[PDB]
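There is one chain below, alone, in structure tokens, taken in the form deposited without the ligand.
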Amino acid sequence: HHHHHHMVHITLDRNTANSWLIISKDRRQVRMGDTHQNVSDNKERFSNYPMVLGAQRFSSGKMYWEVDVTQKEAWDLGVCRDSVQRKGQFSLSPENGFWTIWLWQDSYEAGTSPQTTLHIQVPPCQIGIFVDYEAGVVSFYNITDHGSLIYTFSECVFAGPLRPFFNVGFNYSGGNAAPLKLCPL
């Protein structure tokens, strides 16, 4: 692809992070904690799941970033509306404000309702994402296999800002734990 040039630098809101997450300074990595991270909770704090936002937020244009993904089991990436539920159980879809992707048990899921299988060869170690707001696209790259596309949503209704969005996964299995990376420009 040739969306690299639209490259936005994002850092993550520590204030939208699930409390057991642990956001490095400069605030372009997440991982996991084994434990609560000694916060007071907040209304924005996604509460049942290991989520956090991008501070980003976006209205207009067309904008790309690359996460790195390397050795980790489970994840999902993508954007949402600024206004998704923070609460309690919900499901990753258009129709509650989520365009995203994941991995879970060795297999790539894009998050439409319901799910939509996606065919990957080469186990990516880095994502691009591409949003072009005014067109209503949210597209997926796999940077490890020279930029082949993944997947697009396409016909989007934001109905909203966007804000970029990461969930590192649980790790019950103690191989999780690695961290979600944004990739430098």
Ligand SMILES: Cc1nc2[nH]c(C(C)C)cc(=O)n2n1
The other form holds:
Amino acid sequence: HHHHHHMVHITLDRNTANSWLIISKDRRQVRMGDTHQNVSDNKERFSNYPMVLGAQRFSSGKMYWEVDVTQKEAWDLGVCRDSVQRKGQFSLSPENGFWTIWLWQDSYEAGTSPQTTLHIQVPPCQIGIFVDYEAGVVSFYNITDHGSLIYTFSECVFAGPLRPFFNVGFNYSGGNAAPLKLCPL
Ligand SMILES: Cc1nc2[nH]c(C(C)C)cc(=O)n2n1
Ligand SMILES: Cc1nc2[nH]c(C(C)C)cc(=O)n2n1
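To test you: the structure above is the form deposited without the ligand. What is the structure of the form solved in complex with the ligand?
Next comes the full complex, and the chain you just saw is listed first.
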């Protein structure tokens, strides 16, 4: 790809975070805490899963950012509608307002309904996310493998403003404590 030059500075929105998440001072890293993080509840917080949104809202143009996933066992990344459900159980799908990929149990999958198997030869340590609002495209790139394409959602029906979307995953195994980190431009 050659999408780096639509690079945007993403920061995480504390107010949307699940109450067990710990967001760094610079709002560029997030990890799972070992307990509730002593915050009040609010209607924006994802209740059931270790999810958080970016602060930025996009309704036009081309946007690109990169996320470090080094030594994690489980995570979800992509974009979602500003109006996605926050409370209770739900699946990650375009019908529910999400355009995501994930790692789970040694397999990478795209969040279609039902999910799509991804074919990645070089396990990624950093993921690039490209959104073309006007074209209705969300694409995922393997920065560890010279920027190779992972997956493209096309004909997307955004139906509203978009926000960067993150899930650090649970840490039942003790092997998934590592943070998600927004990489420098
Ligand atoms: C399922 C569900 N969880 C909540 N939590 C709250 C606040 C206490 C944040 C309002 C609300 O309507 N719901 N609905
Ligand atoms: C949408 C979604 N569904 C789940 N389910 C679980 C476990 C209960 C399997 C963790 C998680 O992060 N998510 N995110």
